[PDB]
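A.B. asks: Letter by letter, the chains look like this.
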Amino acid sequence: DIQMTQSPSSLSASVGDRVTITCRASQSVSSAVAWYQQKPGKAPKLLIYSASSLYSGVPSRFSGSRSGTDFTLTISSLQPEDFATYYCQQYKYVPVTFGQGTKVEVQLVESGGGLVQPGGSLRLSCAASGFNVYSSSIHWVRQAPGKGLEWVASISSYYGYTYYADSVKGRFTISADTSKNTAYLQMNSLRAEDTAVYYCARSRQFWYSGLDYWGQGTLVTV
Amino acid sequence: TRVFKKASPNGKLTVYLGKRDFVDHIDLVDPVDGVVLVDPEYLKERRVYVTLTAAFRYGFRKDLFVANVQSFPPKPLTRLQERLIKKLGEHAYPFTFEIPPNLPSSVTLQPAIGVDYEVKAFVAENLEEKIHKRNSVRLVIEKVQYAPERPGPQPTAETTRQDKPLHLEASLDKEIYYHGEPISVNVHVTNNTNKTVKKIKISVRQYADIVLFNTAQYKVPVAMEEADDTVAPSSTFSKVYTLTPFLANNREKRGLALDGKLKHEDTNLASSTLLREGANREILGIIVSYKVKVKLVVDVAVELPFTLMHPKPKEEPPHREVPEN
Amino acid sequence: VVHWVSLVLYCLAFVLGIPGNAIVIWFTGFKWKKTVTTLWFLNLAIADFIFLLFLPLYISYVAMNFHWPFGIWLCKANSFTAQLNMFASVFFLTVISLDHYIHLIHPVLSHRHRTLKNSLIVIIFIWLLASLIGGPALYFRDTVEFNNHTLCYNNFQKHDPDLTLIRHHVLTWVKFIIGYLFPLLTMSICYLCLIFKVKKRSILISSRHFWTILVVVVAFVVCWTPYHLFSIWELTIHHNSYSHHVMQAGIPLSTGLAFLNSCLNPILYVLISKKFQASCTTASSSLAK
Amino acid sequence: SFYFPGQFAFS
Amino acid sequence: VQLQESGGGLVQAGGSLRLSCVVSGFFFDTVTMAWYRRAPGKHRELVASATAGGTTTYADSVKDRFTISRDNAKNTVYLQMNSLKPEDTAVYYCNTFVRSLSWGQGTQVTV
Numbered sequence: 046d047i048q049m050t051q052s053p054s055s056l057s058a059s060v061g062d063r064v065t066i067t068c069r070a071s072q073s074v075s076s077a078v079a080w081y082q083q084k085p086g087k088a089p090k091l092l093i094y095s096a097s098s099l100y101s102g103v104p105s106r107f108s109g110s111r112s113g114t115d116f117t118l119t120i121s122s123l124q125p126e127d128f129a130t131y132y133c134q135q136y137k138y139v140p141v142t143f144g145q146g147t148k149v150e151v152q153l154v155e156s157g158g159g160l161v162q163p164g165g166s167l168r169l170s171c172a173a174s175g176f177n178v179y180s181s182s183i184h185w186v187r188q189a190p191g192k193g194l195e196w197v198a199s200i201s202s203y204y205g206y207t208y209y210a211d212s213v214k215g216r217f218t219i220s221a222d223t224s225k226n227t228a229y230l231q232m233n234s235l236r237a238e239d240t241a242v243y244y245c246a247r248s249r250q251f252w253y254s255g256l257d258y259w260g261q262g263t264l265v266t267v
Numbered sequence: 096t097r098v099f100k101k102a103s104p105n106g107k108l109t110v111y112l113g114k115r116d117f118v119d120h121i122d123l124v125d126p127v128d129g130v131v132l133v134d135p136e137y138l139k140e141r142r143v144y145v146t147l148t149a150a151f152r153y154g155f156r157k158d159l160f161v162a163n164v165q166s167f168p169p170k171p172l173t174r175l176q177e178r179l180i181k182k183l184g185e186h187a188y189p190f191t192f193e194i195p196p197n198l199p200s201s202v203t204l205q206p207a208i209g210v211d212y213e214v215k216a217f218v219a220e221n222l223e224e225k226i227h228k229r230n231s232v233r234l235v236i237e238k239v240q241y242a243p244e245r246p247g248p249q250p251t252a253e254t255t256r257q258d259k260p261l262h263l264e265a266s267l268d269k270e271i272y273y274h275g276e277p278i279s280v281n282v283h284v285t286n287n288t289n290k291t292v293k294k295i296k297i298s299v300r301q302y303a304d305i306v307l308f309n310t311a312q313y314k315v316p317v318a319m320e321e322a323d324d325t326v327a328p329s330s331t332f333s334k335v336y337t338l339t340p341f342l343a344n345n346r347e348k349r350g351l352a353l354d355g356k357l358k359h360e361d362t363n364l365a366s367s368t369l370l371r372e373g374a375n376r377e378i379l380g381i382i383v384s385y386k387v388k389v390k391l392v393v394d395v396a397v398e399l400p401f402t403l404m405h406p407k408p409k410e411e412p413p414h415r416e417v418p419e420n
Numbered sequence: 092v093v094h095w096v097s098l099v100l101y102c103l104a105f106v107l108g109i110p111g112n113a114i115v116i117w118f119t120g121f122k123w124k125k126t127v128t129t130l131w132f133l134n135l136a137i138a139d140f141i142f143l144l145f146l147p148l149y150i151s152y153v154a155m156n157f158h159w160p161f162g163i164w165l166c167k168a169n170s171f172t173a174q175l176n177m178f179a180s181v182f183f184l185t186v187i188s189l190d191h192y193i194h195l196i197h198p199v200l201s202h203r204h205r206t207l208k209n210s211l212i213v214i215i216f217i218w219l220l221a222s223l224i225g226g227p228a229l230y231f232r233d234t235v236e237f238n239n240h241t242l243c244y245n246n247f248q249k250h251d252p253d254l255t256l257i258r259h260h261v262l263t264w265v266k267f268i269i270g271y272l273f274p275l276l277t278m279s280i281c282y283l284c285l286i287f288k289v290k291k292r293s294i295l296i297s298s299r300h301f302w303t304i305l306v307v308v309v310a311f312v313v314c315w316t317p318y319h320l321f322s323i324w325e326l327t328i329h330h331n332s333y334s335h336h337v338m339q340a341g342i343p344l345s346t347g348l349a350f351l352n353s354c355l356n357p358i359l360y361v362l363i364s365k366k367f368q369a370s371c372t373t374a375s376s377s378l379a380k
Numbered sequence: 019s020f021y022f023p024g025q026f027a028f029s
Numbered sequence: 872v873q874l875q876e877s878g879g880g881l882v883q884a885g886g887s888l889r890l891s892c893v894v895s896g897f898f899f900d901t902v903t904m905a906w907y908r909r910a911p912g913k914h915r916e917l918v919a920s921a922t923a924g925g926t927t928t929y930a931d932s933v934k935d936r937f938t939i940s941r942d943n944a945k946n947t948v949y950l951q952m953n954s955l956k957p958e959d960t961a962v963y964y965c966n967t968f969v970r971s972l973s974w975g976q977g978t979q980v981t982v
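Going down the list, the protein sequences come from chains A, B, C, D and E.
Using the working numbering, the first residue of the first sequence is number 46, and each one after it goes up by one.
Using the working numbering, the first residue of the second sequence is number 96, and each one after it goes up by one.
Using the working numbering, the first residue of the third sequence is number 92, and each one after it goes up by one.
Using the working numbering, the first residue of the fourth sequence is number 19, and each one after it goes up by one.
Using the working numbering, the first residue of the fifth sequence is number 872, and each one after it goes up by one.
It is worth saying that the hints were derived from the structure and are not from the lab.
The beta-carbon is built from N, C-alpha and C at its ideal position, and this holds for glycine as well.
Please note that the accuracy of each hint is not assured.
As the list claims (entries may be wrong) - The following label-pair restraints were derived from C-beta to C-beta distances:
1. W123/C with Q257/B: 25 to 35 Å
2. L223/C with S333/B: 18 to 28 Å
3. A219/B with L295/C: 24 to 34 Å
4. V106/C with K945/E: 54 to 64 Å
5. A322/B with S110/A: 54 to 64 Å
6. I121/B with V103/A: 30 to 40 Å
7. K358/B with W218/C: 40 to 50 Å
8. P406/B with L189/C: 42 to 52 Å
9. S377/C with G191/A: 30 to 40 Å
10. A219/B with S887/E: 17 to 27 Å
11. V154/A with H914/E: 40 to 50 Å
Stated by the list, open to error - Chain B is faced by these chain C residues, among others (derived, beta-carbon under 8 Å):
12. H197
13. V199
14. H202
15. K290
16. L362
17. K365
18. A369
19. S370
20. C371
21. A374
22. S375
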């Protein structure tokens with residue numbers, strides 16, 4: 046597959062300086078690289094969705110550039126509300142991989158989740174409002190405690206295509222209820238490594254441009 | 096910028112194009128800019144030509160528009176072409192095209208078969224040679240249209256077929272529609288005859304007003320919604336219905352028109368092609384249009400035309416499955 | 092000597108066809124592994140093969156005194172198979188002509204109608220139609236013994252008290268239809284219209300994809316007309332007195348002439364033009380802003 | 019008269 | 872198509888390099904293949920021509936400085952470096968002058 050490595054594992058700075066985060070791609074991917082910012086105890090927020098195009102809403106202080114495979118994020122000034130973890134994500138292939146994380150020092154509602162004995166089963170519901178199931182692609186991303194984001198499964202109701210990660214293939218099933226505009230993820234054969242915070246996020250079905258909206262969190266403990 | 100390029104199987108004649116997507120405005124077509132790179136050798140006496148072909152593959156190959164330009168022996172240069180000239184060097188020959196209006200858009204029928212555009216370069220003394228595939232490039236481009244900013248009038252229809260002969264009236268929420276967006280209809284009915292309705296048939300079709308040698312109007316339903324609502328004489332019934340066309344249930348259907356395909360990858364439903372008022376109607380190409388029926392069997396029905404297209408993209412359409420494989 | 096030429100040409104027909112039919116059918120399902128065209132060619136090859144399966148018996152019959160030392164029951168089965176395979180071959184040539192007409196002129200509705208299930212259902216329909224034509228004509232069969240000449244006299248005069256002598260024309264006339272009205276007329280009109288149709292469309296490219304339409308129809312007509320004209324001659328013989336034992340000796344030739352195109356179909360429709368056993372990817376480059 | 023069978027060929 | 876090349880290292884100034892460029896899977900023949908350099912933080916430019924015959928054209932900034940020769944027997948392109956200026960440091964790639972080959976990783980040289 047493709048492994049994405051971020052040069053600064055932990056960056057420390059002050060207010061009013063230029064910081065640079067370097068992301069290296071294992072394979073020669075195109076400009077299809079997205080950057081995300083995740084405050085502690087909160088869902089990640091998209092900043093750049095094409096390695097050069099800024100998302101609508103975020104300040105213009107953020108920027109990106111590409112040279113071969115040298116995707117990087119440059120921040121002109123470090124405002125006080127900028128200290129968070131930045132992840133580097135590519136979406137040129139089905140096994141989308143997020144970066145290791147760089148530390149700087151329409152509503153989606155998820156339901157279910159709780160203490161489950163090993164070998165059991167659990168079902169997670171993702172109440173989605175403000176958009177259509179056929180016009181968007183629903184992706185499930187889990188985050189282990191203290192680790193980076195990992196992709197689990199995705200569904201494209203327009204083409205009727207479902208993709209699963211190699212570590213959750215067969216044991217996991219994803220479904221979408223178009224009538225209720227709700228996406229369902231089925232979890233079976235719960236092993237000890239499944240303990241993570243699960244996020245249900247929606248992306249544009251046509252011309253995929255990163256995970257625009259994220260959920261809240263329904264962490265599962267086994 | 097990340098300009099696109101393709102190399103021939105031979106070690107020469109690379110062709111650079113800024114984008115494989117040309118917006119088809121209603122009155123004008125975006126020019127096909129770009130340059131072709133060739134080494135000083137292998138072109139001692141030969142001449143380089145670039146040909147744009149508008150074909151109608153149905154397998155022969157019916158030709159629609161043919162254009163040829165001579166590059167080396169011989170119009171201003173665009174900004175993109177100027178940058179390509181500076182980067183590639185002196186041995187770069189720019190070529191430009193001007194697609195005439197009212198030409199059919201890039202679109203294929205689901206099984207390829209459809210309308211495809213190709214940019215091909217030549218190395219020969221003249222045009223009367225049987226060149227091989229090795230010393231050529233076959234790069235497919237697209238000519239697509241996008242939804243206009245100004246919304247259209249709300250569609251409305253009315254039929255009074257058998258006191259009052261089964262009054263029927265339907266309307267849409269808006270004229271413009273995007274791919275994947277649900278469609279809402281109105282089935283406001285004020286029945287007065289003794290005859291009662293049994294089933295309400297609401298379907299969305301995809302007309303293919305397509306001509307190669309004779310005009311044809313093939314009918315392909317795209318979505319169905321069976322209703323179990325019945326009415327009594329001198330009674331009023333009115334409720335909204337929701338429809339959403341998509342390709343998942345239309346895969347088994349044959350002859351369905353799909354958007355232009357660069358490769359064997361799948362695309363969505365073909366966008367409706369909007370033309371100018373008047374003009375010729377014998378355009379040798381695929382013509383896609385959509386409308387929804389509201390049929391009440393007892394069989395009255397109405398037709399509500401609408402346009403299903405895409406909004407204006409920001410950077411570019413990927414022209415492929417972004418999470419491929 | 093009259094029967095000698097019929098026997099030698101019939102023997103040449105077997106040599107031209109049986110290897111040919113075997114060669115064709117062995118690769119109908121192997122050329123591209125399938126297609127509707129190869130499917131119809133396969134089924135026509137089956138029709139020709141079982142048409143020539145009972146051919147040795149017939150060629151043995153016609154050569155020596157027209158005597159039938161194969162019991163009395165085998166006349167019915169032999170006639171049934173021969174007539175059924177003959178009609179199957181004729182009808183399959185007609186449907187190939189129709190397929191050429193569809194795929195050459197306005198080839199726009201063929202793509203959404205050239206489904207495999209449609210080919211299977213039309214094949215079943217045509218097979219059952221040929222069977223229901225063969226049934227009444229073969230079920231009513233017998234044999235008369237006139238001095239070792241145990242010819243397979245079906246029922247040509249006074250079958251049963253329930254039947255009459257009214258069949259003698261009609262059983263041929265509708266027969267004359269199936270051999271003249273359907274194949275000849277349709278093939279001629281379709282071939283002519285396809286011939287001058289491609290002229291104005293300039294699709295005709297000469298050599299391959301052409302030059303074959305002419306030969307297939309002339310051979311078909313020159314082979315299949317003599318049989319029907321001899322049937323009409325027998326109908327004429329039925330009235331206006333009998334015109335002597337003259338003639339009726341070229342029929343083994345004429346049917347042998349028919350035998351000829353049975354070995355001509357495997358050699359020309361599929362053994363022409365196409366024969367097997369006989370592009371960098373788009374990348375991207377940088378650009379200074 | 020002579021009552022020829024008229025099956026010198028297969029039906 | 873592998874495009875494996877070597878011959879880069881630490882050079883103070885005015886040192887011979889003799890870079891090599893071997894192509895496996897693609898035949899030289901009459902195809903003209905050149906050399907490209909990418910300065911750090913800049914784009915890629917042309918170095919030489921190296922056609923089938925002997926007619927070598929170099930950049931304006933590199934005149935009477937680089938010697939390039941190609942031999943078809945072992946299907947390898949050779950380039951010479953003499954009198955290294957301190958501005959000549961860059962990653963040196965090597966493929967067809969028409970840029971018809973995949974951009975493999977290039978050797979890095981410093982002055």
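A.B. asks: Hint by hint, note whether the structure agrees.
C.D. replies: Verification of the hints:
1. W123/C with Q257/B: 25 to 35 Å: Violated: the Cβ-Cβ distance is about 55 Å, outside 25 to 35 Å.
2. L223/C with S333/B: 18 to 28 Å: 56 Å, violated
3. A219/B with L295/C: 24 to 34 Å: About 26 Å separates the Cβ atoms of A219/B and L295/C, which means 24 to 34 Å holds.
4. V106/C with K945/E: 54 to 64 Å: At 60 Å between Cβs, range holds.
5. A322/B with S110/A: 54 to 64 Å: Given about 55 Å between the Cβ atoms, the range holds.
6. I121/B with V103/A: 30 to 40 Å: 35 Å, holds
7. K358/B with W218/C: 40 to 50 Å: Given a distance of about 41 Å, which is inside 40 to 50 Å, the answer is holds.
8. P406/B with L189/C: 42 to 52 Å: 47 Å Cβ-Cβ, so the 42 to 52 Å window holds.
9. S377/C with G191/A: 30 to 40 Å: 38 Å, holds
10. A219/B with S887/E: 17 to 27 Å: With a Cβ separation near 45 Å, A219/B and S887/E fall outside 17 to 27 Å, so the hint is violated.
11. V154/A with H914/E: 40 to 50 Å: 48 Å, holds
12. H197: 5 Å, holds
13. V199: 5 Å, holds
14. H202: 5 Å, holds
15. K290: 14 Å, violated
16. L362: 22 Å, violated
17. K365: 14 Å, violated
18. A369: Status violated, d = 23 Å.
19. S370: Constraint on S370/C satisfied, holds at 6 Å.
20. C371: 5 Å, holds
21. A374: 6 Å, holds
22. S375: 5 Å, holds
When held up to the earlier numbered hints, the structure conflicts with 1, 2, 10, 15, 16, 17 and 18 and fits the remainder.
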